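Chemist: Please put together the full structure from these sequences, using the hints given.
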Amino acid sequence: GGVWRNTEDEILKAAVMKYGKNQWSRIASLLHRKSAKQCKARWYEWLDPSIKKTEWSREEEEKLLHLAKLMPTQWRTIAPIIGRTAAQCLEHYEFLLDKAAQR
Amino acid sequence: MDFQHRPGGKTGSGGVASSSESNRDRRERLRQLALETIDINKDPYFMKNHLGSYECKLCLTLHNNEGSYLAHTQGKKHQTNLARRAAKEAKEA
Amino acid sequence: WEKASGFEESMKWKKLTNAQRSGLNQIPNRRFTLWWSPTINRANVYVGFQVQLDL
Amino acid sequence: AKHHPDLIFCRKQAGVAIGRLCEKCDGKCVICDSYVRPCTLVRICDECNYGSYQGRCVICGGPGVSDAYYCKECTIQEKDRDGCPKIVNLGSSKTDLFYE
RNA sequence: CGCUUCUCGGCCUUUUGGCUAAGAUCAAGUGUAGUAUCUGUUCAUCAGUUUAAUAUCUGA
RNA sequence: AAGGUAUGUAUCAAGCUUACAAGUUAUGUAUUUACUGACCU
Ligand SMILES: [Mg+2]
Ligand SMILES: [Zn+2]
Ligand SMILES: [Zn+2]
Ligand SMILES: [Zn+2]
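As they're listed, the protein sequences go chains A, B, C and D.
Numbering-wise (the UniProt record's numbering), the first sequence opens with residue 8 and increments by one.
Numbering-wise (the UniProt record's numbering), the second sequence opens with residue 1 and increments by one.
Numbering-wise (the UniProt record's numbering), the third sequence opens with residue 1503 and increments by one.
Numbering-wise (the UniProt record's numbering), the fourth sequence opens with residue 2 and increments by one.
None of these hints come from the bench; they were simulated from the model.
Worth double-checking, as some hints may not be accurate.
[To be verified] A few chain C residues that face chain B, going by a derived Cβ cut-off under 8 Å, partial list only:
{"#": "1", "residue": "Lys1517"}
{"#": "2", "residue": "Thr1519"}
{"#": "3", "residue": "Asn1520"}
{"#": "4", "residue": "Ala1521"}
{"#": "5", "residue": "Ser1524"}
{"#": "6", "residue": "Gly1525"}
Ideal placement from N, C-alpha and C gives every residue a C-beta, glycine not left out.
Modeler: Following this line, the structure appears as structure tokens:
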């Protein structure tokens, strides 16, 4: 299911602080539900300290609305180019801005 | 038989433990993890009581396990309501 | 012949260290060898050295 | 029992019919519900021992095997001198488990 | 008195050393009745309601 | 033939060796996590 509540997010933050980056079985060894694939998936999808998980700018939105017209799907190719880079934060932006350009 | 390329094991091994001993070791391991993380954070309000549970000491709040404590570092900011106790500590900035 | 639970649906879902997980199952391999024991152990192919088991 | 708090006892006048326990519950006391020190036989009323219900388990309602007893700790508290301890209703356990 | 260098001590990364194919793989739990605890969360003057006392309703 | 039934220590003789050199309480809830009852095929 992969629900990822807070009491495992903070333990994952502690584990990545202790063990490292390319070492995921050793920190899935202490979570009782999760495998190492799900640990990689969250720590690069939600818990990465480089993720600017708020603050929608104005430069990146005028960037993506004619960056997601170049390659129309593919929000994992244009995720590092935007650098909002969660690859669904981009999809949140694009569906919100095509609601606000419709209303 | 491949005596070279069979998945090895050592004699007198005793084998891999059951689920109860494994996740008890997981809870002890996770205890050592959270203790060393708060030791690195140098938190002076983490207390462990007489029965293996965790307490925010300024907060006076109980916590069953480790991630119940170290997810109580964000709500109910007495953490900055010690600015009143710092004003009693020193009448200026 | 054998019928008994080589599928062994969820076996009794045990812990299986390493060599009991991936190693080869010796027991059909040795019951086949038991089964043709008169012709795999015949007394007169080379008729030199033979070794009797104790007891 | 003490475990399932919604089970109700019969509590009518105890006749001469000796209580019985199923094979799954042999040795259980009826009130304090433990295994040690049985001291006093169970006498159940005539409505809870009639016809089809004879020799049937006090607790489970399964087919009885051995005689039922109270503890010494039920005896000296005189929890045997109340009504007949025949658990009447089947409620919220071994019903939903049957539907599961 | 000041300046550069030298040596002794008060000391703030030291994990078992290196290399292979990250060496290699792995990691099942239910249902029932109840509690405790975090997180999220929010907290103008009568009259009778109610409560041990307190705190909803209605009143201007 | 090796590759599997480990090796590493501490006392106790034959094997082998010379036969030699030698005077802030609190609520309502969304909500996990822990815990209880010899609860249960
Ligand atoms: Mg080996
Ligand atoms: Zn009893
Ligand atoms: Zn009765
Ligand atoms: Zn019974």
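Chemist: Confirm or reject each hint.
Modeler: Hints versus structure:
no.	hint	result
1	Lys1517	5 Å, holds
2	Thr1519	5 Å, holds
3	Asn1520	5 Å, holds
4	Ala1521	4 Å, holds
5	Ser1524	4 Å, holds
6	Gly1525	6 Å, holds
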